[PDB]
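> Given next are the chains, with one letter for each unit.
2 protein chains.
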Amino acid sequence: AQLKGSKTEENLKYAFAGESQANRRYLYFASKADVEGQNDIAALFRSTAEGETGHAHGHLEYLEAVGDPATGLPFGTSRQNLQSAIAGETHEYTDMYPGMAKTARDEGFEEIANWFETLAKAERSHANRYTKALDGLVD
Amino acid sequence: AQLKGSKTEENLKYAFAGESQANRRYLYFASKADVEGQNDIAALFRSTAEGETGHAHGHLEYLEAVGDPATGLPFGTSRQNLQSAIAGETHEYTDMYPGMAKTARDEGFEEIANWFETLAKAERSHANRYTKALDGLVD
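Protein sequence lines, in the order shown, are assigned to chains A and B. In this text, residue positions in the first sequence follow the authors' numbering: the first is 2, and each later residue adds one. In this text, residue positions in the second sequence follow the authors' numbering: the first is 2, and each later residue adds one.
Excised from the complex, chain A in its bound form:
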């Protein structure tokens, strides 16, 4: 049974995305609880989020057999990881976020459009910084 092309591959990608979001969501919920004074609740969201880190990373480990879910490129070594990060980031700053900015502006969401443009520029910084690190990598 080869993992590539399987339904299980699609499920691992979907579960990875789900676990990834769950950690982000729970940490957001922790901050809400922080401000409210609900410190026991905040601690629980944080502890649960650590669980979601372990889940997501376990999913990712299986996907080493098939490729980075963000790019389809092989990952594992820092050289591969940086190359995949660069390709993903390049997509984000050149295509994804500019496109999302345009749609937002067109739909009458100026502040969200500006937000998407701030992130295009941020992802571009990320892309450039990883490319620098890739060039400096000695392996």
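Hints listed in this document are in silico derivations from the structure and should not be mistaken for laboratory results. Incorrect hints may appear among the rest.
Said to hold, decoys possible - The calculated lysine to any residue pairs, modelled on SDA-like cross-linking and capped at a C-alpha distance of 25 Å, are:
| no. | chain 1 | residue 1 | chain 2 | residue 2 |
| --- | --- | --- | --- | --- |
| 1 | B | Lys5 | B | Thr95 |
| 2 | B | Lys5 | B | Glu62 |
| 3 | A | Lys103 | B | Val67 |
| 4 | B | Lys33 | A | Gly73 |
Go by the hints and put chain B onto chain A.
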């Protein structure tokens, strides 16, 4: 312009998923770098991951207007957050992970099947634990 049902809403959700996965991936890549001894690389992945937390949480703040990307449910207050988290988790242990386990087992991926079953049980634990926390919430 209202966000609900807009393309911009769909883009926020997609970008939220993307930024969430970016953080998880970059921390996974940091761990690879750690073991290789590529400490400057590991630190860059960690620093970049912080950026992605800011981005993901920024997207989430916009989605407060329309509902939790994982559940469609309102979020903001700890009561709402817990309620959404319980609904999400309940979906994961009753539906999502058992379904994935079955598919994996049917495709002959036995270890991955066991993995999804481990995560169904974990998500059940998360659900129940959040249910306990909600029962005790005094707001």
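> Against each hint, give a clear statement of whether it holds in the structure.
Structure-based check of all given hints:
1. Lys5/B with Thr95/B: violated, 28 Å
2. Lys5/B with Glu62/B: With a Cα-Cα distance of about 14 Å, the restraint between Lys5/B and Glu62/B holds, given a limit of 25 Å.
3. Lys103/A with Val67/B: holds, 20 Å
4. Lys33/B with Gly73/A: Holds, at about 18 Å.
Violated hint for the displayed structure: number 1, the only one.
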